[PDB]
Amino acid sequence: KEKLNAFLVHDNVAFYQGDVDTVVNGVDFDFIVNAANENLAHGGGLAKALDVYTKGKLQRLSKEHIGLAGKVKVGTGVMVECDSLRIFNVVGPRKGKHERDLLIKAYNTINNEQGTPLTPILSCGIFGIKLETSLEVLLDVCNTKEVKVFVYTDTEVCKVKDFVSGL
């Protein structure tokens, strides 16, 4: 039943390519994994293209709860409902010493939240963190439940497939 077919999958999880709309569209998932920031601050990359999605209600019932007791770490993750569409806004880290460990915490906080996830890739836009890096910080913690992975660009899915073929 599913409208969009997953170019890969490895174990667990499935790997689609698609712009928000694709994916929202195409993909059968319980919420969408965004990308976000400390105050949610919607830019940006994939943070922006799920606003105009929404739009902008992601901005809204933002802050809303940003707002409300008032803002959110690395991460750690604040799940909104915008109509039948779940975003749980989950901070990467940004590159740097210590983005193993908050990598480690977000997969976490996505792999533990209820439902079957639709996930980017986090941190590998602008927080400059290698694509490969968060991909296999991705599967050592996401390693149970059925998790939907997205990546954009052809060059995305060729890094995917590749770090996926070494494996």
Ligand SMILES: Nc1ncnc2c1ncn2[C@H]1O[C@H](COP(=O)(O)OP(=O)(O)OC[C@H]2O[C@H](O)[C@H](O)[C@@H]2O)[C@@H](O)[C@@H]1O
Contents of the next structure:
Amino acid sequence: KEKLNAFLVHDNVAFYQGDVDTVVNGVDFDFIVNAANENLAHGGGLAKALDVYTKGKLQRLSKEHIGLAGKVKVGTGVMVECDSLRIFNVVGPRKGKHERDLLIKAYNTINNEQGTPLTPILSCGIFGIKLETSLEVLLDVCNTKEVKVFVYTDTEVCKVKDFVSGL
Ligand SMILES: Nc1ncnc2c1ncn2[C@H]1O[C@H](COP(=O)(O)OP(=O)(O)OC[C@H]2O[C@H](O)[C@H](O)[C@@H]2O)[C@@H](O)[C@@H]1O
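Let's compare: the form deposited without the named molecule is above, so bring in the form solved in complex with the named molecule.
Entire complex below, previous chain first.
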């Protein structure tokens, strides 16, 4: 039914592997989360790849927002529609002393946005938070409705399987 099969299911969370175009095309979701920074300056990782997908519309709209009242608290998400695609720009934390308390806030913003999210594991790339830590918060917060999670590299895939195995 859904084009791309999940590699793993845990409780109400389903895990997928691909780049942006693969997951946007292959996964059934109401909105995709972007692991953004407080500037909504999409320079790297998933943020760049989502911007490229939208052919710059995302960055253009981000600038607009960033912008109006005013710029963006760690997070705290900003929904934008780029044609069919709804992108929920959520400011995950940088690694640091409050990382857990802020991952909690970010995942809660995600879990409380209406619809089935497709989300990355926040902060686990350029922000340098341990994948398993961020994932642990994700699962703790997102404990009711169906939520879909994507990762990118085969390394991250093994990390998810292994962590979920420990549960
Ligand atoms: N081309 C891609 N397609 C799909 N997923 C990707 C891609 N590139 C990176 N990802 C990543 O998305 C997830 C989160 O990684 P990052 O994008 O590095 O996000 P984060 O660690 O939250 O750091 C955010 C920072 O990086 C961006 O430049 C963004 O503007 C912000 O400054 C990771 O699971 C996964 O490796």
